[PDB]
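Visitor: One-letter residues, chain by chain:
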Amino acid sequence: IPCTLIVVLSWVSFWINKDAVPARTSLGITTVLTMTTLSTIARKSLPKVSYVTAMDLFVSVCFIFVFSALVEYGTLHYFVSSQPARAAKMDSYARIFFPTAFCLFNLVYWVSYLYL
Amino acid sequence: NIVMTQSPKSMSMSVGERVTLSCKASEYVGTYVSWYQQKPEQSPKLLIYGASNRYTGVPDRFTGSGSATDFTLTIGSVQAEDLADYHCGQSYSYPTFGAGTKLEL
Amino acid sequence: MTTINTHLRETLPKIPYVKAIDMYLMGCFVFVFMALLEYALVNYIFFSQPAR
Amino acid sequence: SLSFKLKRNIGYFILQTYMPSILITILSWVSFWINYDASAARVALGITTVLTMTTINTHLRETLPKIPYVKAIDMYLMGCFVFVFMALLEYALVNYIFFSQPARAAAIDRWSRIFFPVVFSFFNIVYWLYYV
Amino acid sequence: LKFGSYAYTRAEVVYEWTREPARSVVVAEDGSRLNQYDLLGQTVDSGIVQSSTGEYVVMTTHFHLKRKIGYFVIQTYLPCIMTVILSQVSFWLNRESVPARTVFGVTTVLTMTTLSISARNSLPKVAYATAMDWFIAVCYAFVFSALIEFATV
Ligand SMILES: *[C@@H]1O[C@H](CO)[C@@H](O[C@@H]2O[C@H](CO)[C@@H](O[C@@H]3O[C@H](CO)[C@@H](O)[C@H](O)[C@@H]3O)[C@H](O)[C@H]2NC(C)=O)[C@H](O)[C@H]1NC(C)=O
Numbered sequence: 242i243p244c245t246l247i248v249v250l251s252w253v254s255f256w257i258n259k260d261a262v263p264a265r266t267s268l269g270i271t272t273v274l275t276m277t278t279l280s281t282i283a284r285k286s287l288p289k290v291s292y293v294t295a296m297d298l299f300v301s302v303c304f305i306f307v308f309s310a311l312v313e314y315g316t317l318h319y320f321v322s323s324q325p326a327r328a329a330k331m332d333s334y335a336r337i338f339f340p341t342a343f344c345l346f347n348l349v350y351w352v353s354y355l356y357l
Numbered sequence: 001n002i003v004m005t006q007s008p009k010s011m012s013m014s015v016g017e018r019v020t021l022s023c024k025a026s027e028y029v030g031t032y033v034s035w036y037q038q039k040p041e042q043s044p045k046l047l048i049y050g051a052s053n054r055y056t057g058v059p060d061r062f063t064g065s066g067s068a069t070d071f072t073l074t075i076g077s078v079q080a081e082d083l084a085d086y087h088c089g090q091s092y093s094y095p096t097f098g099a100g101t102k103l104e105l
Numbered sequence: 261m262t263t264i265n266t267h268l269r270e271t272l273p274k275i276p277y278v279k280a281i282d283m284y285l286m287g288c289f290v291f292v293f294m295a296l297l298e299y300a301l302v303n304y305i306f307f308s309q310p311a312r
Numbered sequence: 209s210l211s212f213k214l215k216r217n218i219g220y221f222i223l224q225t226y227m228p229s230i231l232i233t234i235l236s237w238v239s240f241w242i243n244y245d246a247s248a249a250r251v252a253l254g255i256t257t258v259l260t261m262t263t264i265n266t267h268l269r270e271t272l273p274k275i276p277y278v279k280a281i282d283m284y285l286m287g288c289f290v291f292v293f294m295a296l297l298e299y300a301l302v303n304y305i306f307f308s309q310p311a312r313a314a315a316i317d318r319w320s321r322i323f324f325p326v327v328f329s330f331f332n333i334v335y336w337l338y339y340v
Numbered sequence: 155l156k157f158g159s160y161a162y163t164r165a166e167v168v169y170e171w172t173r174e175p176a177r178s179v180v181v182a183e184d185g186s187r188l189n190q191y192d193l194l195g196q197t198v199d200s201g202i203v204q205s206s207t208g209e210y211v212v213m214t215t216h217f218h219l220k221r222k223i224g225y226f227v228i229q230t231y232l233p234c235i236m237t238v239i240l241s242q243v244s245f246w247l248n249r250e251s252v253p254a255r256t257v258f259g260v261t262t263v264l265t266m267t268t269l270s271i272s273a274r275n276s277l278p279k280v281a282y283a284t285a286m287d288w289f290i291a292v293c294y295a296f297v298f299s300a301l302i303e304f305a306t307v
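Residue numbers (the authors' numbering), protein chains in the order written: chain E, 242 to 357; chain I, 1 to 105; chain A, 261 to 312; chain C, 209 to 340; chain B, 155 to 307.
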């Protein structure tokens, strides 16, 4: 629940206008820090097994999603100064591409790990 | 090797008072220093073993005081037969002796 | 980076001398520190000479 | 019956728990000398002081022996947390009534700047007399 | 490592070393299982203690340990120094940018706070101040004073 809500919270940066640079930047990086703090407790319960389980896989995918959101905003802000009409579609693409990707991952994950 | 510097090399003090001899070691010798009193034309006789332990037959006027490096031998109210050489020797390692100290009136 | 390092120190076996993961974490921290220092230098030397 | 009376030393507990809390509270007080138009600055100060107080509290919850009833150090930590909370709420109040009446905002800011250290020192005196 | 005789006073049972005291306690060459310390050497001694039951002979050994500093350096002295240097670097930022300097200073104080909390997880609960305690206190004071300086500006 907390990792999923952290990812859907990091998605909030997309709807914010591109001119609020400190707002979106601090949002992304603070959700990154939150994702790390959550990633700790997932593995705190288990021994030092040298393979990828399902919960550390889930939390790693969530962290990757947050990281990718922040890097997406970074590249968007970089393209703002170079090509504005090009950057105008990146936000509208991300708004649909990030939630659908996370839902597809959730589906395949919760289906593959329960058919076993 | 541990060397023992004994002070003073030669000391003259009269009869009746309390005299002191010092003996400093270079390394650590923990309460393993003995004091011998050698009279001329005689064998050395042990006075103080350990660091402060009077031997069987020595009067209670001799007292020792021990440390890790420097030790003292006090003779309170010296007498007329207490004038001889005094040697300090460490036993913590293979025994080495100090240079000795003469005692004259 | 500080949080990850402290969390690792808490969760990793307490070996009180220097190891390899200590060196790698120190290198990562030095890199973050150097990026911040570079930004500070830029923000200082901009207003007078933006080319540099 | 052979009974002992053990008096718990205080220097360590002071150095580890009481100094950081008071330091973070004094740090939170800084947001009053910052001007009202600096919004991101005062929000950063207040919220980061709240976060630091939370971190200190939850880490001393682990450092201290787990004793599941209320103690004095917990009362002091909660007092410092209340002080930081009140500082941030004061800033929020200032920011709210700023546009409609800036003179009232400046008066509130000066009043807080003068009278939060007073209440903190009063609470300190009361606490340190009651438990000693 | 102090040992001796129970129940037998100095007049009944005395102890001694079987070889020269410098050659009695022999530590095996690979017998130093210390992750943190450095076994310098041994140091034997003999004494007489006085208990309620009499005088007893006590054979003492001393193993001399010296702590390894490199780990504490890398763990606490370099991060704290770097954080304080960062606080001083915040002075060089431009003065008309208030939010940047504010978040910089306060997040630096929070970084010092986390480093200080994690540094006190290793020290046992002693009742005085260690050297790392003084270093950490001075570093914390420097960070707080840099933030106070920014407030003054
Ligand atoms: C720790 O707690 C114990 C027990 O609560 C305290 O012991 C109490 O000691 C007082 C003073 O020695 C005792 O009072 C005496 O009572 C006798 C009655 O026979 C009376 O003749 C004396 O004049 C005196 O008033 C009392 O017996 C004892 N309490 C019990 C139930 O054992 C102790 O003082 C406390 N502090 C320390 C440092 O131990």
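If you're looking for bench data, these hints aren't it; they were derived computationally from the structure.
It is possible that part of the hints are untrue.
[As the list claims (entries may be wrong)] Below, in silico cross-link-like pairs of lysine-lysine (BS3-like), each with a Cα-Cα straight-line distance of 25 Å or less:
#1 I:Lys24 / I:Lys9
#2 C:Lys215 / B:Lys222
#3 I:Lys39 / I:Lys102
#4 A:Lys274 / C:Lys274
#5 E:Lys289 / A:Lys279
#6 C:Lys274 / C:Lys213
#7 I:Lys45 / I:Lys102
#8 I:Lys102 / I:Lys9
#9 B:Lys222 / C:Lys274
#10 B:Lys222 / A:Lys279
#11 B:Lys220 / A:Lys274
#12 A:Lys274 / B:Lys156
#13 A:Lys274 / E:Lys289
#14 E:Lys285 / A:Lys279
#15 B:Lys156 / A:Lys279
#16 C:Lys279 / C:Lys213
#17 C:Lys274 / C:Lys215
#18 E:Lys330 / E:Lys285
#19 I:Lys24 / I:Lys102
#20 I:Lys45 / I:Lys24
#21 C:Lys213 / B:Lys156
#22 B:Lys220 / B:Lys156
#23 B:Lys279 / B:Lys222
#24 C:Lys215 / C:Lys279
#25 A:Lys274 / B:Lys222
#26 C:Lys279 / B:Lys279
#27 C:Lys215 / E:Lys285
#28 A:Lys274 / E:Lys259
#29 I:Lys39 / I:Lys24
[What the hints assert, rightly or not] If you want a taste of the chain A side facing chain B, the calculated C-beta under 10 Å gives, among others:
#30 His267
#31 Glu270
#32 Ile275
#33 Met283
#34 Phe289
#35 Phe293
#36 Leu296
#37 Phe306
#38 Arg312
C-beta atoms are modelled at their ideal positions from N, C-alpha and C, and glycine is treated no differently.
Visitor: Taking each numbered hint in turn, which are not upheld by the structure, reported in ascending numerical order?
Guide: 2, 9, 12, 15, 18, 21, 27, 28, 38
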